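Fit chains QH, QC, 4j, QK, QG and Qb with the ligands to the given chain Qa structure using the hints.
Below are the chains, spelled out letter by letter.
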Amino acid sequence: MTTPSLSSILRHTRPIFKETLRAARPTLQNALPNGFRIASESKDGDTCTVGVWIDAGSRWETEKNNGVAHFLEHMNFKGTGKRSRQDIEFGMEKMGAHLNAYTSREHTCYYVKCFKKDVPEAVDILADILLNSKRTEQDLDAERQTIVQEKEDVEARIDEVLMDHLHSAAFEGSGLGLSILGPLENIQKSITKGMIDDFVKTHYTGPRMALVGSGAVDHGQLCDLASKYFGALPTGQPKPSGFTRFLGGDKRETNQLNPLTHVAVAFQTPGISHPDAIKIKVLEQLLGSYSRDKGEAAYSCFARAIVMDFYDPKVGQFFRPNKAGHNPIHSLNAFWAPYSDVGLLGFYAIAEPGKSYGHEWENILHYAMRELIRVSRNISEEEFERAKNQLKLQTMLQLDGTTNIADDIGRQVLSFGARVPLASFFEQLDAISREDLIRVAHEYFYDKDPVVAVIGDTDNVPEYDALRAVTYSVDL
Amino acid sequence: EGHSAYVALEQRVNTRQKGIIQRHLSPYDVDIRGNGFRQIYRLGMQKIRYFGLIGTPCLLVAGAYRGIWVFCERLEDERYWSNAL
Amino acid sequence: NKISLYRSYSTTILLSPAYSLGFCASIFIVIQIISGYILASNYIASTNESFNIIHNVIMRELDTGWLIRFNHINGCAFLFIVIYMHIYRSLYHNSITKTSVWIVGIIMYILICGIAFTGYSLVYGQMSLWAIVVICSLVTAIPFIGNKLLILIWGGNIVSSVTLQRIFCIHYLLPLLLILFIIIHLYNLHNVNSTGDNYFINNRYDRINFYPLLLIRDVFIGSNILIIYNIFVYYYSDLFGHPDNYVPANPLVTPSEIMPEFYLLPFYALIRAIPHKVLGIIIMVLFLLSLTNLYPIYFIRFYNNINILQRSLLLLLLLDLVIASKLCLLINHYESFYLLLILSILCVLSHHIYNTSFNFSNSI
Amino acid sequence: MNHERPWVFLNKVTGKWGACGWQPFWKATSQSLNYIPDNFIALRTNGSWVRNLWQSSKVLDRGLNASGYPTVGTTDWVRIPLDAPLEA
Amino acid sequence: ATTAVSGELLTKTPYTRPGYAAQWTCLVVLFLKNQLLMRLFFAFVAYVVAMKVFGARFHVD
Amino acid sequence: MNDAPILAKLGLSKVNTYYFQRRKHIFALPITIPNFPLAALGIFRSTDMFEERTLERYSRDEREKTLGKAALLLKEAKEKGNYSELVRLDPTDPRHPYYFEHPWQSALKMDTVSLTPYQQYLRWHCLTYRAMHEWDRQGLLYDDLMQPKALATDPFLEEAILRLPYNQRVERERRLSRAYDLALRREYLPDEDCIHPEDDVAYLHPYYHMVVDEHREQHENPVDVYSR
Amino acid sequence: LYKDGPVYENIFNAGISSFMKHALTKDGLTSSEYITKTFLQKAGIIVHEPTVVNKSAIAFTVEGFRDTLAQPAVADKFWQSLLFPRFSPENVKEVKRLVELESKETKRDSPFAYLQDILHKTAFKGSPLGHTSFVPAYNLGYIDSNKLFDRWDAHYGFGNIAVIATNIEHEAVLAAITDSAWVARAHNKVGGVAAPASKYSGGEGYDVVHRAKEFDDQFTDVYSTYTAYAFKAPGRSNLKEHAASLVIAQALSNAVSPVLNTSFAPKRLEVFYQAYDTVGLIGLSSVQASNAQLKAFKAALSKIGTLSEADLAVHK
Ligand code: HEM
Ligand code: HEM
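Chains as they are written, first to last, in the entry's author numbering: chain Qa, 1 to 476; chain QH, 2 to 86; chain QC, 2 to 365; chain 4j, 1 to 88; chain QK, 31 to 91; chain QG, 1 to 228; chain Qb, 80 to 395.
Bound-form chain Qa, shown alone:
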């Protein structure tokens, strides 16, 4: 390597962050006397996304009907009293559109992307499937095998299996810690028409449903259609308000034949509607993310602390140098999963298992927990500013396209009761204090019980007890 490196001698120019704030049309919202909500954000264009967001996921199941939400999702597409499955598909095809159904732990949505001239027909089909769909036993028995195949397919996604493990470990004894699809024995035998009908009756109520429109749409037309179709929904009982206890612990799946090891460590945080929501988001952006293509170019104190020990020569006075052959980290990502009651804030690390009985994962978790303690004690102003700017950009990056905007509108309407204007959100983001952020970090990280999920060669990943002993330091 005879070529010199002038970057070590030169004076480099630092780019600075300067945000762009385009004023979007305000999100209008109305509510029928039934309580069904109607939210709409209009923008110049030729295509619009129209959907229904429902506030009933798999969070409300007691292991006797686990997966009934997904069964219901599959059953809504099998025909209604008026139309058949062939008729619904024909209507969608004539409109040249696709009807997408998505089911999560605390939200479901059925949405259609169409032209502005197909809005009434799309809303008609949505109401038809949601309200008037007949769910007979025969069809229920004809979808069991397709759902079994879907279960077997989703069991093969390592990231999804890892997050399911994390939730099963964290929330045991409540539906929030159950898998979306449910046990195989439940898919094949237990779930029944009675369970599906009970779920629909209990959770598809007026005040827990919203009709969302994004793009070239008319709010008045949407309101008229919503009154026409969704005005008869019952004002059923309120959303259940129970206590979901967080259980620190570990869920470790051993598979020594896997090429990569996935380790997620999470801590309990308050819900999404807590005033600490923005501070937790800023913390998530403070920990940052790292990908292997960056090498040593990690922009956060966290990822960097975990990466530079595989480039450090580790020369000591009385010991031989111990430098890693290569950097084994595939990726590091900070995540926050919130829910109306609770939350999981943590990191997700993917790296090679390494030599058996090595020290790679010991070092990774050592430095990860040290950085958590450090941010609990002190945070620098420059990194605070970096985190806030990155939160601004990340919040803006999620609003690409009418479908994404509609998804954001629906989720915020179901969670906070109304969409928070971006400016308003940003107004609350420049009022955060470094001391407040430090207090939030110390409240939930220091000397707390974490939940760990591991998939891969658990021969090298430290066990829970050790991990519980590194959330605090003797010096403090």
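There may be inaccurate statements among the hints.
Label pairs and their calculated CB-CB ranges [unchecked claim]:
1) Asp61 (chain QG) <-> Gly35 (chain QH): 55 to 61 Å
2) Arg439 (chain Qa) <-> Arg5 (chain 4j): 18 to 24 Å
3) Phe71 (chain QK) <-> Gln168 (chain QG): 45 to 51 Å
4) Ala244 (chain Qb) <-> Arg175 (chain QG): 56 to 62 Å
5) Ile209 (chain QC) <-> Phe71 (chain QK): 47 to 53 Å
6) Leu325 (chain Qb) <-> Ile41 (chain 4j): 58 to 64 Å
7) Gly401 (chain Qa) <-> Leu325 (chain Qb): 16 to 22 Å
8) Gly115 (chain QC) <-> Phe71 (chain QK): 46 to 52 Å
9) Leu178 (chain QC) <-> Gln297 (chain Qb): 39 to 45 Å
10) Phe71 (chain QK) <-> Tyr93 (chain QC): 39 to 45 Å
Here are the simulated DSS-like pairs of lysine-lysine, each with C-alpha atoms no more than 27 Å apart in a straight line [claimed, not checked]:
11) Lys239 (chain Qa) <-> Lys16 (chain 4j)
12) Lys355 (chain Qa) <-> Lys268 (chain Qb)
13) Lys78 (chain QG) <-> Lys268 (chain Qb)
14) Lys134 (chain Qa) <-> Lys251 (chain Qa)
15) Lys278 (chain QC) <-> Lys42 (chain QK)
16) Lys24 (chain QG) <-> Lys63 (chain QK)
17) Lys48 (chain QH) <-> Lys323 (chain Qa)
18) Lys172 (chain Qb) <-> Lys355 (chain Qa)
19) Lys109 (chain QG) <-> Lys42 (chain QK)
20) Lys226 (chain Qb) <-> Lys19 (chain QH)
21) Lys186 (chain Qb) <-> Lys314 (chain Qa)
22) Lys186 (chain Qb) <-> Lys311 (chain Qb)
23) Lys94 (chain Qa) <-> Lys82 (chain Qb)
24) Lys80 (chain QG) <-> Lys268 (chain Qb)
25) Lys82 (chain Qb) <-> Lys80 (chain QG)
26) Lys82 (chain QK) <-> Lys48 (chain QH)
27) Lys117 (chain Qa) <-> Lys395 (chain Qb)
28) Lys186 (chain Qb) <-> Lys116 (chain Qa)
29) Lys42 (chain QK) <-> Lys75 (chain QG)
30) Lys172 (chain Qb) <-> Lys19 (chain QH)
31) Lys355 (chain Qa) <-> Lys186 (chain Qb)
32) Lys448 (chain Qa) <-> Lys251 (chain Qa)
33) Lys80 (chain QG) <-> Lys292 (chain Qb)
34) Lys43 (chain Qa) <-> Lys395 (chain Qb)
Calculated directly from the structure, the hints in this document are not laboratory data.
Virtual Cβ for every residue (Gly too), placed ideally from N, Cα, C.
The following block gives chains QH, QC, 4j, QK, QG and Qb with the ligands in isolation, referenced to the frame of chain Qa:
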């Protein structure tokens, strides 16, 4: 020996060696007197020159200390011989 | 598998005969251990029987108890001589780069000084008693808790039978810890290997098997040094000693000159050259601590080569230490030697062992 | 300091409303001559919430169907924000 | 043995290895510049300390 | 020096930096041991003027010189469009921005008119003190004797050796093994094989310096004050 | 956009562009990888992994607020990267590791992407579009700093670089990429590279891999066979024919994919239309394909052929 610090060092620093030919004779075919007098002479001369080099500062300082020692010794002899103690 | 025995450890070919000093020191450690174990089997520690049981029981009731005692004495003296040569060679060849080996060696040196002192205390003679008294008078200069400390060391206001018994237990115990430290010394060395005459990084083709060539060389050098050793045992048995230790201890009388053994004299000089007792204690502690290499710990430090100027300065250090020992003994009668004593001590304290690469840097 | 902007509680079954907010308070001592306190109940605002409350009083007392607003725990009270005037 | 800026190798300047007298002189001068003043200063300090602190006299009568 | 015309056209000095070495501090801190007490402080220092002086690479003047030479290379590349060639010169090429010369490589052919008496002494000392160690009679180069140790390794040094071209690494190792074989008998190469002072090239110091700079790069542009 | 890719390689350089994909993003002469990426990442800019677009160019893409991208420092860093490379051996070793991982992961986790690679390799047999997008095993040892520098010299020239922006006013962009001193310090040269055209075989034809013996079965699919049935279609050269091909591809895709999509619907089919300059492919990639299925697909395409103006309105 394979798990030793010097072996680790040689593996880190040195390349994979190639093109080295070594010839060894069994000691039963080597005369113990073979290179004796020549080596005695050469090593004696080398050590004489080297010690002449590195011993000079010590010689100079020892000379100064000898001067001081003589002065102090005869001063104390004079002190004792005159009951000045 | 004899072949597997040959190749279990390999060294450089540049091991000149000067690299057998460790083996000679091992020989003398073995001699001291065996002789001391035989002596202790005939020894009673008290102010009424100690001196008598050495000169009237050990040396006159056994067949060669005198020979055992002379072995113990002259083996201590020669162990110290060989250790000093070992240290001087290590400094000459810049062996401070072997950090583990050097630190363990310094620990062993301090331990051996302690062992020799406590052993010399067991012959309850005039010199033993009064050396104990002088060293403890050094002890009582500690601020605040000195006097009480002294009592705890002596178990009383004077040296007595309990003092001799605890000294005997210490003298018995310490050499075995010294054996363990020798084992650690060798373990670290075999981890990092030997320097040789010059430092090179060698692959297996440039190295040679340790066994049996270096064992045979060690036997040869050991036999020669044992000839030299036994010349002193049988014909100069009392050359490394002071005759006043053949006078039974008299607490009411102090000797004309209290002088320690030749191998502790340099330390004694450091006490005579510093008028303030507390300052002398502090400087002795700093001297011993500074012989080590325990600082810096987390600052990047590495070692460069050694040159002719450094070797000449090392010879000068030897000269200064010898002069300081002789002068510190001579100052009792002649007061004009304080000049040369202080000059030599100051020269000793200003000798560079490690060339600080931090000598050269730039300011902000 | 950064707390919630003032809101309006409204009880459904009883049909009775009322404003509310977070009042900071500190131990009394000497004041400052060169300082007129900023807006502390509604931080970082031009104090329009008073105007919104005044305008919305007629709407609320007349009877408002607030089924589209979040509740407060398990009680019969719902929170109406005073960011913008209430017309419904 | 390094090339010139133009890329060619020039003729080495003639050189006769310094002799033993030159080496000995170099070592003596180096030692003197390293420690002559230091040791003179230490001698002075020792004289002052001995003549004042320890009470050495250095003269008779 | 062979770099003299380049150093002159940039307004720098045609004289080696071995001259101009000077002491600026009284205490040599951090205090390092093993060292006898006073010598630990560093009030009195013993040097033979052949020390490395690596920490003096952290200076603005050295950076200015390096960037001046780099600018000359880039200007030539723009003129002729041989960029790759010019950024792949051997560090022993005087046009390289990191070219380094040992003092004795220019002592026999130096002007010496712009030299003070102390610097003339330094020149004479450099030549004769090189002659005093007899590594030239062992067929070695000075840079061959910079070898890493097993414990308390010189990190830069190790890396500096891995940056060398393969053939030059092999030649260095072969020179070391030949010197080892010679040292077994304390033999010297034939007098006609003595290394000329101008042949004792500093072929490893440019790599050493480049490694030092690259390692300090991330320290002067930290991600955050508390990062690692 | 930097002009280099598989279409410019030969059988002895196969995969070299992949090294160029990463080598340019590693340490350069005037700015290392640490200096650039961190400086961009701490400025609220998302730095994407470089990609090969149409087997003929490498895109280095950056995403962020327009005001942050309009400043002349981001463009300056990209200019530094592209004009003053270093190609250090240790960086090349890192790039070798990265390309090995990319090939292996795409084979294991993106069987359809690997199938596309095979489809092109055998589709355009003796033509530039049939070169491999992944480094073949042998070349993993062969490509090094000297080869990278030779390729960089061959491909050097401002004519091989383009700038593309999507939410920045044009003038601002011109104000950003023209304020660089490094552009003024670089050899001024317009150097173009050209590649020949292509023909089309593909085939009843086969790349054999025993996946069940290569990967662990739990978290990847190892019991499936990937069949791509493809036909020749027009490229982007003629806009009318390209739009017609887009309509045909959408008609085929909608007639095969489910209309009502659920959350966890598996991926079993894909209707692809890869369009190039003057040539393209349109086809169906599937698992556990069958003769009946492929005959039905061909018949559906033929039926699409006979549609009238009125029947073409829905698909349009
Ligand atoms: C466990 C091993 C040892 C035991 C049991 C032991 C035991 C004894 C005993 C009982 C004495 C008093 C008898 C006498 O003075 O002749 C003595 C004296 C002595 N020992 Fe040891 N000793 C041991 C190791 C050592 C070592 C390693 C040294 C240091 C080289 C040492 C140095 C001395 C000295 C200097 C004396 C007094 C010499 C004299 O009598 O004038 N001993 N030892
Ligand atoms: C009981 C006293 C001691 C014994 C028995 C002892 C024993 C040994 C032995 C057997 C070796 C390996 C053989 C050799 O190279 O000579 C050795 C090496 C060494 N010892 Fe000691 N040692 C002692 C005291 C010391 C002391 C006080 C030091 C000073 C710190 C020291 C420092 C070293 C060093 C540096 C080496 C390695 C030298 C080199 O190969 O470069 N030793 N010792």
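Against the structure, the hints:
Range check, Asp61 (chain QG) to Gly35 (chain QH): Cβ separation about 59 Å, and the 55 to 61 Å hint holds. Here the CB-CB span from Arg439 (chain Qa) to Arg5 (chain 4j) is close to 21 Å, well matched to the stated 18 to 24 Å. Between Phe71 (chain QK) and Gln168 (chain QG) the Cβ separation comes to about 48 Å, which falls inside the hinted range of 45 to 51 Å. Checked against the hint of 56 to 62 Å, the C-beta distance between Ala244 (chain Qb) and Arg175 (chain QG) comes to roughly 57 Å, which is consistent with it.
At about 50 Å, the CB distance of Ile209 (chain QC) to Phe71 (chain QK) agrees with the hint of 47 to 53 Å. For the pair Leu325 (chain Qb) and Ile41 (chain 4j), the supplied restraint of 58 to 64 Å holds, since their beta-carbon distance comes to about 59 Å. Distance hint check for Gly401 (chain Qa) and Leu325 (chain Qb): the Cβ-Cβ separation is about 19 Å, which falls inside the suggested range of 16 to 22 Å. Under the hint 46 to 52 Å, the C-beta atoms of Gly115 (chain QC) and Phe71 (chain QK), about 36 Å apart, miss the expected range.
Evaluation of the 39 to 45 Å hint for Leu178 (chain QC) and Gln297 (chain Qb) yields a failure: the beta carbon distance comes to about 56 Å. A hinted range of 39 to 45 Å is violated for the C-beta pair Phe71 (chain QK) and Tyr93 (chain QC), which are about 28 Å apart. Only pairs whose Cα atoms come within 27 Å are accepted, and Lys239 (chain Qa) paired with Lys16 (chain 4j) is accepted, the gap being roughly 24 Å. Restraint check for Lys355 (chain Qa) and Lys268 (chain Qb): not satisfied, since their Cα atoms lie roughly 50 Å apart, outside the 27 Å limit.
Between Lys78 (chain QG) and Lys268 (chain Qb) the alpha-carbon distance is near 10 Å, which keeps this suggested pair within the 27 Å criterion. The suggested pairing of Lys134 (chain Qa) with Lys251 (chain Qa) is violated, with an alpha-carbon distance near 40 Å, which exceeds 27 Å. The suggested pairing of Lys278 (chain QC) with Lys42 (chain QK) is violated, with an alpha-carbon distance near 64 Å, which exceeds 27 Å. Between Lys24 (chain QG) and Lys63 (chain QK) the CA atoms are separated by roughly 18 Å; this keeps the pair inside 27 Å, and the hint holds.
Of the pairs offered as hints, the one joining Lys48 (chain QH) and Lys323 (chain Qa) is violated, with about 43 Å between alpha carbons and a cut-off of 27 Å exceeded. For the proposed pair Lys172 (chain Qb) and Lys355 (chain Qa), the alpha carbon gap of about 21 Å is at most 27 Å, so the pair holds. This hinted pair checks out: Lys109 (chain QG) and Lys42 (chain QK) have alpha carbons roughly 9 Å apart, not beyond 27 Å. For the proposed pair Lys226 (chain Qb) and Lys19 (chain QH), the alpha carbon gap of about 26 Å is at most 27 Å, so the pair holds.
Note on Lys186 (chain Qb) and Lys314 (chain Qa): the hinted pairing is violated, with a Cα-Cα distance of about 36 Å set against a maximum of 27 Å. Our distance criterion of 27 Å between C-alpha atoms is met by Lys186 (chain Qb) and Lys311 (chain Qb), whose separation comes to about 25 Å. The hinted pair formed by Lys94 (chain Qa) and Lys82 (chain Qb) fails the criterion: a straight-line CA distance of about 43 Å is larger than 27 Å. Proposed proximity of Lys80 (chain QG) and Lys268 (chain Qb) is supported: the alpha carbons are some 11 Å apart, at most 27 Å.
Restraint check for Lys82 (chain Qb) and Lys80 (chain QG): satisfied, since their Cα atoms lie roughly 23 Å apart, inside the 27 Å limit. The hinted pair formed by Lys82 (chain QK) and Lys48 (chain QH) fails the criterion: a straight-line CA distance of about 46 Å is larger than 27 Å. Distance hint between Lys117 (chain Qa) and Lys395 (chain Qb) is fulfilled; the C-alpha atoms sit about 16 Å from each other, no more than 27 Å. Between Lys186 (chain Qb) and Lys116 (chain Qa) the CA atoms are separated by roughly 42 Å; this puts the pair beyond 27 Å, and the hint is violated.
Proximity of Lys42 (chain QK) to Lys75 (chain QG) is assessed by CA-CA distance (about 32 Å); at most 27 Å being required, the pair is judged violated. Between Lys172 (chain Qb) and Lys19 (chain QH) the CA atoms are separated by roughly 23 Å; this keeps the pair inside 27 Å, and the hint holds. Proximity of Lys355 (chain Qa) to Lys186 (chain Qb) is assessed by CA-CA distance (about 24 Å); at most 27 Å being required, the pair is judged to hold. Between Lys448 (chain Qa) and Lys251 (chain Qa) the CA atoms are separated by roughly 17 Å; this keeps the pair inside 27 Å, and the hint holds.
At most 27 Å may separate the alpha-carbon atoms for a hinted pair to count; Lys80 (chain QG) and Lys292 (chain Qb) exceed this at roughly 56 Å. Restraint check for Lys43 (chain Qa) and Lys395 (chain Qb): satisfied, since their Cα atoms lie roughly 24 Å apart, inside the 27 Å limit.
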